[PDB]
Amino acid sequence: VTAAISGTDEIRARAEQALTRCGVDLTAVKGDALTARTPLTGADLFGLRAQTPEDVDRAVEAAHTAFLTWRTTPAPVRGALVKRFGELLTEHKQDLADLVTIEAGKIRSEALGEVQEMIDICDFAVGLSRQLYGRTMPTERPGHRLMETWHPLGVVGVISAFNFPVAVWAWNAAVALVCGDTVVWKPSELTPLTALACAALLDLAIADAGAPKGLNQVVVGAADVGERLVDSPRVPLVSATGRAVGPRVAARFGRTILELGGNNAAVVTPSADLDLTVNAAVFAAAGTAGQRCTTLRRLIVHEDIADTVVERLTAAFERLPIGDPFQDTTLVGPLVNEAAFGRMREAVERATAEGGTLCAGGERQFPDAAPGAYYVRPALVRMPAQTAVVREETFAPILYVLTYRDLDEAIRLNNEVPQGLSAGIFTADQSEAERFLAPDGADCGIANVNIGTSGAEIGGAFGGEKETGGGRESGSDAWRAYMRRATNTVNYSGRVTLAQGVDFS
């Protein structure tokens, strides 16, 4: 139950080294308006310059200028830029992953994985640059041709959260760039440094490619900066990941991609492989300290095996190594800030008040080793019913355990929450697996068999349903949200249908 944590100064030096290697000019970005910080110790690292709302508008207009050139640049040439950027990400993978650990608190292997996701979406987007497929199709009209074409849309506003500080932007920017769009990115106020590093690498790729300078810009600021971006008439698409954005953008006839959180469950049936299940559940519940939109928060377990599953998860949660995310031994790093810790404790108290039993975890670990940081053991809570606290997502590592008998009851328990991001079923039974994925099964955007709620990869469309917000990012044909469809009828016959047969001559 004890851990050595890196000092703020050692963290700052590592951040500075990483930023400089990624080509950031520290003198130019430093200032006294905002502050970079680290959840590893809770402390401020150094001050940053901020953009004003007026600067956001200047950025959007510059991005629109760039768009006017980029939209007629051939998609395969646009893909060459993205290929160059992927090369630079590859070259600086370890440097960027350092920044991700520093700002989001993720363990090293997860930080590296997030940067690799960026590299993987660049590879995918380079492929898409020769596709972006529309259709050709028959027309009913003699001597006509009909097709559907896809065109670049305009400036895309990207609003990202602290928890995936680089991959969410990459999913959006790699795709948007190859689609002939330009990007203005408002990163989380908690994670500016990762964004600055990403932007500097992309600016080098842009300079190497001879591409337009305003293809991507980062706006560093607080909430008034984000609002100005959301409200811009020159931003036809806003992608927001990790609540008010949908209706405000719809009001000005813009488009949104929303992925707004998840309250994700897994069903454990009587035939589940318990070794597989426990391993999967622990990773999905405890990974990233319970701060993924896809984190496992509800486990719906058949009454015949619930006691044994709870025993095993209790033991696994008790053995989880919690500590500095730079240490190879660490599996759980810190929560992002005090507010997060407070919400976690409030939820666990309310759960025991609504009838629950705390089985494992929930306590702050080694508070005196880093007093400004909140390292916590993931909580396992057995619940007699799916009460309000279980239905209302807390962004923390709390796994509520519910029991069921009939699979249709498990499905109902999965579906009855307002969120609809991901779901999983652990079963050896062919029919149960298929029933879960059927139209009357789990209602979520992602529905998996024998893999947890974080089972997703670049090639799939990523997003959810219900209050998650309906958007899709990354794979399949999510790229269509970054373009506009045109239906084109071409007459080569020299004639038109004459109304009531009349020829006006």
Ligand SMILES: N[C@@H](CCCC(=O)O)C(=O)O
Given for the second form:
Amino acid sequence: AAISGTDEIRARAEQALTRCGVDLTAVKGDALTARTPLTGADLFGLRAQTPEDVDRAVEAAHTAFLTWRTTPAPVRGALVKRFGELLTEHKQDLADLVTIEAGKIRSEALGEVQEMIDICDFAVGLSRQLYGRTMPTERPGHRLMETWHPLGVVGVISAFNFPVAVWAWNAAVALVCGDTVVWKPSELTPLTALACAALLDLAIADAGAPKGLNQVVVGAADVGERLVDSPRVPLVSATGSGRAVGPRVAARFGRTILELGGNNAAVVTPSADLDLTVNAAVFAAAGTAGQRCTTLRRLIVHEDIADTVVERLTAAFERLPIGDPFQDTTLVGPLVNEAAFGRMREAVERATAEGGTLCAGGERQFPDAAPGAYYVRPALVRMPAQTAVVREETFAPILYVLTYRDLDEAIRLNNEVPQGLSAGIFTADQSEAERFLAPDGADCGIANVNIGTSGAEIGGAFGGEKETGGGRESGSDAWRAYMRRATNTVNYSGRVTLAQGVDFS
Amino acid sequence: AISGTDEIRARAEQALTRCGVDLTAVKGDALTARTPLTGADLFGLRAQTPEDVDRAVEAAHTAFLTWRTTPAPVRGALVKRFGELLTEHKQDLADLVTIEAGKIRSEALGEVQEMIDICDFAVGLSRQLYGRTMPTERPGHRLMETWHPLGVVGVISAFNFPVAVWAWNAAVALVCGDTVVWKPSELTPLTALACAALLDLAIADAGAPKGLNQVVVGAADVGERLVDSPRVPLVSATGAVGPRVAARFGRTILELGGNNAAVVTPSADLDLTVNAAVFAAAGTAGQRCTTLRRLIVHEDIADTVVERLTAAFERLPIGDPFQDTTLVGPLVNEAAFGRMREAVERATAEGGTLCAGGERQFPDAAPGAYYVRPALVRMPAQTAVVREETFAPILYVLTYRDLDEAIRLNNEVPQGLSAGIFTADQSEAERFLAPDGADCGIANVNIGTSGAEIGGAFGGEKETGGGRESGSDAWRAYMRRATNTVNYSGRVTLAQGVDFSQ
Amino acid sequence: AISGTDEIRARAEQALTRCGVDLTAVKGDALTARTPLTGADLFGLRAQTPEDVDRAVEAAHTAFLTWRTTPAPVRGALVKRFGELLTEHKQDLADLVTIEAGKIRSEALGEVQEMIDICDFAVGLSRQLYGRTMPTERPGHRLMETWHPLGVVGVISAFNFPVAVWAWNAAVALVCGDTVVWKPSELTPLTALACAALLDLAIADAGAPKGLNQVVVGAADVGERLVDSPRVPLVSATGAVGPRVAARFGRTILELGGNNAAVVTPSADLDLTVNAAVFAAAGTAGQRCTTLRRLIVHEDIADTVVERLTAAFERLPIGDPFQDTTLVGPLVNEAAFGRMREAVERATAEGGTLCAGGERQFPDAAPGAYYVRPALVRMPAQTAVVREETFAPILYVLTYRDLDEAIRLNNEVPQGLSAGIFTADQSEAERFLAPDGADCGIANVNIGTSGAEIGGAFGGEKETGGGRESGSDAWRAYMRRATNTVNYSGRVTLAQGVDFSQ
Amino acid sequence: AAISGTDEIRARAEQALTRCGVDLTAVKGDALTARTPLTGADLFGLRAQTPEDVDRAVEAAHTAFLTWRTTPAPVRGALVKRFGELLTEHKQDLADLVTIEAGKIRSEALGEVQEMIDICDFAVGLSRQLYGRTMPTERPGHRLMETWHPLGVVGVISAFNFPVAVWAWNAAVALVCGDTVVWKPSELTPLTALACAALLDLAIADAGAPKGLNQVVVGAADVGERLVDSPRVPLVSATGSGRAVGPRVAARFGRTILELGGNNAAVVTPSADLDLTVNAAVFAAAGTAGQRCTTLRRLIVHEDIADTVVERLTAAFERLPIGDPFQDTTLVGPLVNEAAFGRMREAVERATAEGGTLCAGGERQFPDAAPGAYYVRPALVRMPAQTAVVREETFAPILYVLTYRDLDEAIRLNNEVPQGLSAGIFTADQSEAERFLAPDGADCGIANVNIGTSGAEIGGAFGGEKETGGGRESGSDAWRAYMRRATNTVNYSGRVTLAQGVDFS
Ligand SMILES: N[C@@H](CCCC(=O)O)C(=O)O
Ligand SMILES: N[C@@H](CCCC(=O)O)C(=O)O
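Which structure goes with the form solved in complex with this ligand, now that we have seen the form deposited without this ligand?
All chains and molecules follow, beginning with the one already shown.
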């Protein structure tokens, strides 16, 4: 197979970075390295921040916050509007960096950048809303209201698999809420973050906004830990497959938004439109090479249609074009690294050991074409029961197929796992669709009808329940997590209730 | 005179039996009920074990499986019936509040009335619990956000509001489809037994499931088992919990105390301010989370404000909380008195001047009880003792000149519950409430740090814990959000223009 | 047998005195109370003049000046007390509803319970009535939106819901700081007198102002003076008003009737559909604004659906509404019967087939009363008589093949209150509720055209009038919005970068 | 004085129109005429629509609506975003047309165009919101929700004095709500409307949106009446100083948004910052030559400071630079036409007849410099009582000064007039500011503290009470007036309540 060479990838990365305003000589170094899953090779070395630099960055962000929090929110929205314009102008440059570092095909990388633009649009509108309330008070000659105020520095921890959209959800909303941002991107995807920050620094300069509104800290795990532990960071937002962030921030009386992984199922009922269901399940299971927190990993199929659903999924998986994510023909690019491939192969072998049958895929493709990179065909595994390996999230394209008879059994099977991010049901039956969404239905934070588990849009709150961590980001009123509520009682009567009737004047 | 222990004991037993408590089933020898009025033990109680906690959680979870599909308006009908029974027994319950918490009759009655008011509010919520419907970018699709019952709610309350805090949590949680396991303060079990018996009668009257609410009486080990239960998705603690519950991916509502200040500007109405400050600092013997502990006074009026406050503190009527003439009842126990004396001793060692109060009153009248005059201490700066709250009536007076420095002094402490500003100046009032003003969860103008009501969200920031209870949309913490997209178009349309065709 | 007029009269007088009405003060010779059960007059009543209306408005406006500064939670306390008195007298009031409106006991009881439920909902609203706070583009400024009491509310109700419609309006209006002048149907004055006497007792118990609510009994000239008053900023009319009130810059809430349809798809559960359709078409003798009048059935099941409906209509129990076996009580008067017969005669002249019903029942048993079997008419198209509602139990059956044409048939009429679809198909259900589906204010799935409840906004589109009552945020129509910007910066800053310096 | 010549104005107008994409040969004609208050002269003739053309336009807008209402709202928002970009690009061209037709100074014309851009920003955010509700139902195995649906064709009637912003408030919101628009602009300001429509038609072409989303009908009163009476127009929005629109639309069971004029007051208390109060009152009274519905026309001053407030306002009015609104030095341009000047002079003469004293202004400036145009100095009139002429709105810069003693008297004086649009209070006293805003305070739809009566921002709902007409447009949830509410009960239980327990199956 034809896979881009590491040198050609490095040239495309340097072009994209320079077009987005990154000063290559300023960010290059020998402390860390940028890399690409397309070949598995290092691209070039980078400077690093120390933990001491993290503290300096947090304090500079707090200084900016002291000015930004009294900057009128519609003015803060005008900065985010300028940034959305730069993102639109550089959409393909940023998408190229997403493909290079996350291994996403062109269409998915462009779609991820489009999420950034969409949430910028949403946040500009929010900058004239951020609604609190006015309400009656029981006290004569008083007034009562609830207001929302900027919180402080927001620490953003993102993962390799959505290296730009997750930060954009957090930064666009946080900035219009009067917060500032310190971003710790994945050690696997620093270049996407450098390009994003450079475009925002240009927006900031054009707007005359404070220079410290957003900063990227490049480093390994000690860098992230220092961010998480800062007493100057009242909110930490951590997305990706992290589990220690919650307790450690709680211990210093901080706030967290946590979205920590998913093990997402779809139910296929006897009345399901099978052409629709197969197409939707293929994208949900195989998109991003199965490396979304929202990836479809469990398919719960009614026994009357199980055999035909497996036959059609087997053929679909066998026809998936795997290859270089820069080629328009490709639908499946590589896994992120060798450790991900190892975990996938161990899960598939555990599954057959636990009684399962591998129906399609699972094999490494053209290993000699790019020996450092791991391209795999998505695996389809039929399972007699929801055993230990099925209940574990493996960050790889593995779709386990379980059968059911009663709808309540399908719901129990969906709910049995420790995670709780997203769920779907495919059905033409009005009653089954409502029962799946009812309070005793699927227990996840996202629950869909005739749609798979992935590909949310910006207008809804995004996040999940149980061990997914409970946070919400992006749409609806998820913005409230980035501000503090105040309840204000205002007395204009000139008097106060006298305790026991006694006047001490 | 001070009420006798024998008379207090008989009133407590009468209140309990009238509220439906079976004294034979609850009496024992593992724990004792007590009263701050004399310091004496009332009688012994049965206690629960950690294994009893696990059994109570399983019964609450079984009831939750039925309650969560009971229509919310039907769940509200139960809470309306509970409010009626509370109204019926308002005086009986208030007597137990005075007996166990030591608060004066009028405040005990007000606390029971808070329970009734939150029942009425929750009945209205039972037809709302609003989510949203909104557009989607995909043709032939629909998008909405729905709210669902969460599960078993663990409630941990303190001695100082022994019935209203649980009522905030239980009324809202029950209409939200949740069930409740309640661990009251070991200092105030009798109030909780009475509350639970009245709710159990309402449950019987409604045909509702028996496990909707349960009280577990016990020591620290009982509370820890509740906090650690994997079947308790929400823990509400008022008065270690935070990271423990976060470690098992649970949710918390935390309101952990306050160190509340009011700013007095040069244009303040001094009669209003003095009355407001006395009642917020001395009320409940300084044992409210919202108690006024810091007064930040402009230097040009500081001397006259301290003289007026000194005169008022010297006149405060201290005595038996069953006497209507009493304004200040006793502190809860000897440790509370000891911590108060230690704070005042530290304050004077840190440069402060004791202007009034601090002395113990009529100790021979009840040697086991601690009636103390609230203390007023003028301080040269916001020193260590000022920044850390003592749960006692001590009012520290600090001075300022520029309003931004008064705001900084308000915000400098680790707590963040409530704040107030006394001023006739329109701009000063607004600056105090502005994003760069007071940083607390509650910030008021010309009313004190206890100015709050059922319809407002109640809670604070920083080390107060971040939770919100009672009013506005605090109910959302008792439910789980779901984002639902529905495709009725018969085709796969992917968001953001993604294309997965070959 | 049918209840005797003498027994009905005595029950009415007993109900009225028990609800606090002074029979001596209200009896007269200008108007008469009546009963559809026998058609007979009960006794004579005093009537008000247009000058009495003007005096009632001035008294309501004087009370409004006090009520609008009474804190909303205190206003809610009055409505809670009213709900308690309604609960106390539920059976007495329900008896008057059956006597005057002719509706069966169970429905009369349900209507009084609606009043109690909206009282409970309004008590919750009294702590909400939410406006907004939001950012402003100007530094050192604050922006909010507040809601204020409007003034005197005129309420015009119909015979068919003689107590619940006024309760929707009065409970919400009172907690919103408004006062009420009520003009009930000339056919049902006794229910209104009872309601007002119970509310006046609650007003006395609360120490509230006496003019918060008043009833004016009279003919058309009394209603017109209310509609035309320049001191009545809101007129709510259920069952000329619109442009008249608009001409004096007043506000209206209009719910003027319905011509409601349900669509029956090939996958409909036929037992569910038949039960749902019978109760929505025949209930209240077809005299609900939400009554089912049009059934749009897929051609492949149309024959079997008409046979099942024919069998059910022939079995409907018609009789005295005080007998629990009765499902269909009498029509309100002779004119209602005449209009029904004329519609059925027109339908058959326009090509339709009378499948069942339409005949008058036991006329000799009560020659002044009109008990009729609901009529079922199969129609070849949606002709003139189908498009204009007759306030009578007539169910027209139309057929379709494509769902978009069933939707067009639903939407084609001038009315727009409610609609329903019976289907097992997920996509058909969603299409019916979609922006290009049914155009009505209420659109339901697998429940009939009367499917509504307190927590939902109630009302319709097109010639139904556009108003909304009861639930969600319908309360906003009873208040006035204010947008408030507050400058605390000490400088003039103009929006949009305007510069007026020289 | 130096006033631009009619020929120079015509050249600037033709340049602005052509830059905004208007085809001059297509819109010119001999039925009506464009004009300018700067000289009072006609500029050039225009084609007209007939009433029959109005009906054709309404039906074409309804056809577009049938497609637009199922176009996803975020897609509808993308059109409004493109239109906001064209408005930003042509801001000064449009501002020139606003100056030419309404007579506004450069700063106010640019600010009016900026309102259009701001509401486009707001509406793009709204396109992912348009929030209804989900809520509990009392019925087991049912679900309940409230949804919002597009309404239909919206008829927009605007006035001369805000010839672009009012339509923008209505069109940006209506379009994202899935409605379509037929716009009838003032007969005095057709060119601004032609330019706005041409820019939006370009946005529509770029987006591939339906061609009939917005149309301008140019004509006299018979054209507007036909729009108002159309049974295909479920909402009519009429802004400007109209009073017959309400009843006529009500008679055909349509909906209206009405904002029909104002007679707006500000209260000046003894503690008022007088430098602030005078500066604010001068802009509120004199801006737009007193031709806003929000113009300050009544000043209610405490008797202890009345004399000094009048002295300072007298000097400020005497120093106002009146002249050509294209010159940067000008703060006051001309009144719209001779009829407006006549009404102003008649009001001032009535006022002195009713006991008042003319303290400053009121005289026509340099009549021979532009004999067809009416430039006047704003008039300041001290009045012994709130007499008939004070309670009447005269659409001219006349500021009546009334004195008071008790704050409740000032509030009664504010509330005594038939209008109810906006009110302000200038005070340093916390109690007086709250009392003015309380339920027994000012009765207007807008009530401000230390701000005048004009110059609202886009984020608030705009409109008034009493004879102002009750409508709200622009911000908050004013968008709900452009959609229809539906209450949906969904039964998934398979059963229904059986009446009297009887099962007919
Ligand atoms: N919009 C994407 C985001 C996934 C986020 C993640 O996998 O961490 C989706 O809903 O699939
Ligand atoms: N933004 C302007 C709009 C006025 C509208 C009008 O006068 O018709 C203002 O608030 O003064």
